[PDB]
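First comes one chain, alone, set out as structure tokens in the form deposited without this ligand.
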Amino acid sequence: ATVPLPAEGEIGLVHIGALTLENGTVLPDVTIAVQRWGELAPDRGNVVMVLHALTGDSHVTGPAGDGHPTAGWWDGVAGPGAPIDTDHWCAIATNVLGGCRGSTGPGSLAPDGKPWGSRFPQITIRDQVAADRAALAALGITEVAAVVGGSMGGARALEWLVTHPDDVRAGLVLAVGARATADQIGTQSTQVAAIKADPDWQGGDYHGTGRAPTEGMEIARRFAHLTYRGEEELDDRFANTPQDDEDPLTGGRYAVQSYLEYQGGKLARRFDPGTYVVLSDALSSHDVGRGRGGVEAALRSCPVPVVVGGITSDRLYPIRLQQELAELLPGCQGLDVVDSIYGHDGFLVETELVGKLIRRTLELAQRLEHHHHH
């Protein structure tokens, strides 16, 4: 029968069984990790699906501890009277398919008892939607009030809206495009190449060997982190200043260099290289128009009310992409600009501005749910 939600804030492991993927590969025995905040309404009409980005997980909000290395990636967003007001909403977040924080990914054990590793299938954003839909269906949830996400989570949100418009009332699509761009695929494929160059990659079958391509993932993450920054803010913050008392003229580090090294290290302590590869390839696959007559036709026939957010200084998902989403989606009233110096990472750091987009999306979803009968 249907499986119960985990206790508030705790990890629930939802076993959804075999999943047929977009490329025709069957992935057996999938598990999706779930966290939720807020009660499920008796009519199951109050679900807000919170969709994490590349290195995110199900830990949207709350402090570090009890298996979580840091505070939630959107800490503060869900709570009483918060942008996701848990007095009304049931905020659910999964660990994405391919992930390394409780869901089936390359580190997970294949039927042969060895990690998937190099055997892990190519997945798409659509596969990530399909796995989350199945996890919800196993929890007895067939309709969602809203999908919300930034970055890779915006790609997930947008595919969810386009693929299942009859089963979502509204969405927030923040800091993403309709499809991966040449520059996104370029950086993503080159980050992947930096991981695969690392001799400890062992063809993707390093899991359980005691060696891992952390060094190559640290290089990938340093390049990705630059794509996430606002150029002007980064120069205002570090300029060409040396790190502490080091002397770059005789081989010491610059402050921005030391910072990037620290970012690489932080990721290597919490995140799996193989997951980085799989999710980076799923981002390169992003294309809402595939099999749907292209991006313009796919977005123009999607009727879902949508808040489209774009960040002025974003270098990875530049604001022209969100202007295109806002023009093509008929349920978008106009682009909501996030006026920020913090680049793409504004989707995480501009808590007040992002929280206002979320609250607008959910006020809209509540009005539509009052008129939606199921």
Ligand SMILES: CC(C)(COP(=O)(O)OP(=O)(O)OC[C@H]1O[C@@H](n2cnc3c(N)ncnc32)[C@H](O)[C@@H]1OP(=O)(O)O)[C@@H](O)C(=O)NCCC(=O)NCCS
Contents of the next structure:
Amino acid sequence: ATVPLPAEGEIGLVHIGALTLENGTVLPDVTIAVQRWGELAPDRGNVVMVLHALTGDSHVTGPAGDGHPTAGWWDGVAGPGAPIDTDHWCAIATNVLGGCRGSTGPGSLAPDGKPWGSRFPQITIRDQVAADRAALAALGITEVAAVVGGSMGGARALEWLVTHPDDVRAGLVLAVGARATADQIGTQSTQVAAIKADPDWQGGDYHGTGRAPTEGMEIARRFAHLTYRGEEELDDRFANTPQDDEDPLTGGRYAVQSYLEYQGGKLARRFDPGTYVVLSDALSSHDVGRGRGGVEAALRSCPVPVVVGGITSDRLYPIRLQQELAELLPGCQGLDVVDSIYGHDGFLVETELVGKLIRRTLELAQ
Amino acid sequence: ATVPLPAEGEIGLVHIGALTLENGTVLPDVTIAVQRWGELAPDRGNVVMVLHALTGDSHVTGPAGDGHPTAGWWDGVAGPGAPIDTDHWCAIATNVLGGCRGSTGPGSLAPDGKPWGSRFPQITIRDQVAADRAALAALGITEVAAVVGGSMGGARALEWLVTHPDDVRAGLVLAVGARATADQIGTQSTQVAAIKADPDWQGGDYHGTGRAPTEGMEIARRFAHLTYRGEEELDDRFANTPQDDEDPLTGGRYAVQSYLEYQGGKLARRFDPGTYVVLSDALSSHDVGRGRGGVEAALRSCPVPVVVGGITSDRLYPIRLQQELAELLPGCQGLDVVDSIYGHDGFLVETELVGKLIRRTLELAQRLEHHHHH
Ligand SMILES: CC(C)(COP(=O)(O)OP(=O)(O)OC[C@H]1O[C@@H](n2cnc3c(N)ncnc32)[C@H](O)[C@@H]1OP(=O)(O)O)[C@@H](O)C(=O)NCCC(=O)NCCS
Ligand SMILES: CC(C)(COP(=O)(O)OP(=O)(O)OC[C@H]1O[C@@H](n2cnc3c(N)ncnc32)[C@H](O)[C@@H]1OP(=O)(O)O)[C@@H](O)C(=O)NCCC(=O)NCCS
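Next up, the form deposited with this ligand bound in place of the form deposited without this ligand?
Below is the whole assembly, all chains and molecules, this chain first.
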């Protein structure tokens, strides 16, 4: 028999065996964590793959419960009558390859019984697509109706569409470019440098030592969070106001500073530094044109119907990038402009508008 | 009492004594380092104050040498017939209060004989103006024809205009806003956090230990440098290209990564981390409206003729902030746009465009000084 799907909402661990990675390294004994919502159709033809971003996991939707400290990262997107209507669709999400919430990553044990750490291979977005395709195949699923994702999830979705157009009926590519830009690599590589600068990094082999480079990751996340915001919205929310009763003139904090310190600590309580490094390097690797004659050739090659969404105020994946995708993907009918003040984080915060784009995508999937 | 100006181009150390700071802390025995180009007129009416930005110093113009690692940060701006025409003007630049290039800052010795370090007071942009005014007063200078500056130097210029309008004829305020924004405080406070996270910070008292938080300041500087760039120009320049023959798919560097590493190292060879912290916190403190009924009231009642410059691609001080300054300052005729792909760093790179804004500011100041009697 195939590997059974987990019960609705529960985590299933799908063992896919060795994975030959794009750089030629063979990564042995890979496990991919899966969650799903909705029944799989008798014909197995109704799967909607939900692809999480840098710090997301398989927990797309649902409340904080046992195993899940917080609500789903796209809470409400999948369910009865929801944008992914689970009365008709089977929503499946993995924890990405390199992750820390059930899938093989740097904190996982290597063959030698020690955490991978510094021995974890450099993975690409294409390696993440291969791990997900292999997990689905083990569950008896060889094609999907659609792929949906924003940010790193949009890079995963775009590689899935360009690499395997015969095995996807439609896609949502939201708030990403065709390749990593210089600014993205610059902030990603410097975020990684902040983690590696922390003396508790221990060369990436901190797993199990009782010390971890959480301080360097909090620094990385504070800078990333600024890239995720709309500049004007951030100033309208916080301006130069002090935090509560503190006096910045005598060494107290500003409200925006306190908010960033809080965002850092929240990530430190739920996310592994080594995964942050591996997935940041996979984002820097992103390039749908590699080995295919460049981005224009690779996008023009892809005939799949695609909804391309970009956020007007996005500072990290500026809308010029989504205009490029919309112009070159022949299955794209035009750029869907998400006119939002909330920056790149609009892909998480604008649930109503992102849900509209998901409904359009699932119409194209038929 | 009156101290002489240094010889042209050379450093002068002006001792101004105690300075009462905005937060009420007294900073004893302050020294301000000064460089000048051009003669001081007998009537002392021809002074152009050049106000440096975060990592700048008093070396506005001229070559590397006589203790300067590199050419002036605005090399070419001052000279015969140049945008600051030293045949007519006396261009004076200080090293800012809190600096590490001759002025009193965290690396300087406190009265107890140990570096200020963690004991260095929190200073504001207004403290920086007050120190520079005191350095001028010690040199016998009470009136300035013009203040000119970009970035932190624009914050200094704008506070000078608003605080001392009767003692400035005109100003150039380039690539800054009326107050620090949430984004600027976010990146400045996080840069400071990257320095304080470095175990060699030693609470700020690393000076003279033989250890320094250069690694954390390099991280800070790499993030700052991205804020200073034009996004499109950075992608056209480097894209996702690898550095030389390195292979990023097996752990090598990208070109933009190598470039950022290089920029951080260059700062670590010339600049003090404690100074980076003190001056970044001074930028976060910028607010021309504080104690003045807010930014709109403060700028509306400032009568000084002002040229406001903003750079189209600036991601750190976006052009909406200079549109705001140009609308509110009654002496501003309209925003002067610097059409540049180089982001915030345009204030340093676009020498011809910035030079034209300086020359216009000083043609304005010369007309006004002819009609100013003191
Ligand atoms: C919550 C979210 C959906 C957007 O909201 P937000 O911008 O965080 O705004 P909120 O005001 O709700 O702030 C959330 C928290 O900030 C806290 N907060 C607000 N102002 C604060 C201040 N001045 N100081 C400290 N904490 C503050 C609130 O207490 C709240 O706490 P909680 O989340 O634990 O309940 C956020 O998760 C998001 O969109 N960004 C995350 C990006 C991400 O996860 N990336 C990884 C993959 S990209
Ligand atoms: C003045 C300034 C803005 C000029 O910028 P610019 O003329 O556009 O120059 P760039 O930003 O392209 O820098 C070129 C340098 O990068 C180096 N470089 C370029 N590509 C590189 C790469 N892939 N790897 C490594 N180094 C690289 C060059 O070798 C050159 O080095 P050099 O300056 O020692 O000769 C720049 O010197 C600078 O950023 N420093 C001033 C200080 C500052 O921005 N802030 C302080 C107060 S705001």
